[PDB]
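A single chain, nothing else alongside it, follows as structure tokens in the form deposited without the ligand.
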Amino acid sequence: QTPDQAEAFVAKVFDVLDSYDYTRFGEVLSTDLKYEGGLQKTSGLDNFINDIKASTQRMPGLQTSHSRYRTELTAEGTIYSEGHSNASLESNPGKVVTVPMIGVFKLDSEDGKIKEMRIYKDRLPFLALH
């Protein structure tokens, strides 16, 4: 239950997400994950997984990375991790779109996985890839 422990966890979480190893999502994400990314909402890990699978077809050769810069853990056990979201196409690497982003995470009592994940970034700039 420390702010540095939280950032460390967030890093690992994005490492699995950015790797697109869909089988390892269950590891760090709850089965009933309430995800919210702008006007995208998903209940359950299964629907979340299919929504990212959808995104890999929409932009094939999509490469994404996240970098933390400021994390904070609250009394309620809510992680607020400000960072940066990066995206690029295998076709044209070294054209990278980068936007500030914040993750709001709430953990599950028993397993220590993420039951609530809300990601706020401006998605407009990533249009330079489509």
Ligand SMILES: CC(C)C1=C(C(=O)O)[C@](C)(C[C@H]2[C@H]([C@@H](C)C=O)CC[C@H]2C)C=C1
Contents of the next structure:
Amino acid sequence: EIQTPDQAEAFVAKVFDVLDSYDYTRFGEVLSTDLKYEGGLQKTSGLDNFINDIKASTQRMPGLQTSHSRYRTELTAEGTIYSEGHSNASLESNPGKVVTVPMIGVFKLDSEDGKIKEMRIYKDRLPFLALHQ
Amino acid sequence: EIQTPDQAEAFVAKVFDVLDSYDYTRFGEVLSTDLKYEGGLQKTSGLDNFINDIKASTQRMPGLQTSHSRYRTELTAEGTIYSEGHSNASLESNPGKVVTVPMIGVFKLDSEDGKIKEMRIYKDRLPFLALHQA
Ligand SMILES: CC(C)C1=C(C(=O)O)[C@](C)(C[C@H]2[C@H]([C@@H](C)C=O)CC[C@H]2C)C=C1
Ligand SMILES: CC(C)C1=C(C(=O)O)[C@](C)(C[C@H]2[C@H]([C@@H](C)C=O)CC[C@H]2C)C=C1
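Based on the form deposited without the ligand presented above, generate the structure block for the form deposited with the ligand bound.
Let us now look at the entire complex, which starts with that chain.
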């Protein structure tokens, strides 16, 4: 399935395309039922727990929009995907105010179906405070 | 010379041993003079610029103390070191208030002398605001 860095990067792109849509009914297309997720101090086990965690943060930030880009992905001999890129966010209240930070995603895939079973996203959230005027 | 993940991880531990001492005269033992560093929106080119960036940031937080641990390191076929661990910080004024966040370091080494020529550190700094409060 995923054999090259380019295919890994395209998969990560597809994953964030789903995630940034906030269409939770599709998250299971790409995330395993027992997903282990860490995002700084946010940590969840299982797909429903992942979805509930995002929903909570999203109610906290109404009007939130996010997007992601990638520029450097490796696919290692252990099967790990390391993907460096950037994370963008804006608030619908002032959508022209965009905050962008570097990010890296660490992914391990399910050997059976190729879904993400471990996802650890690293980025500095402090700059997103600038979304509040 | 680094050929295994365990040696990669042991080297990263020593690197942060030097960095967390804030003894800037030693940074060149492990960092190349043309080091390319990115730490969130912090970005520097050259060792002197890296050092000045840290010095500026430390002036903002007197009494800062830091340490690091590691748990999962890979050394790839491209020579890249990816090292996941944690970043701890406290203030000397209140040393028992510790804030710890996950972190990962991305490193490329100088083929000549084995020093770090690229270092990109990723972590959420927002929790460290709790070091001002109480
Ligand atoms: C302030 C930032 C921009 C923020 C996110 C975060 O930093 O946790 C969340 C809580 C979740 C992100 C997800 C995680 C897995 C990020 O990669 C994917 C996209 C978005 C739903 C949404 C906005
Ligand atoms: C608030 C946080 C904890 C903080 C750091 C940071 O987040 O930039 C700096 C500015 C620099 C770090 C260095 C960079 C390369 C971090 O990895 C190494 C250790 C410390 C000297 C010091 C404390």
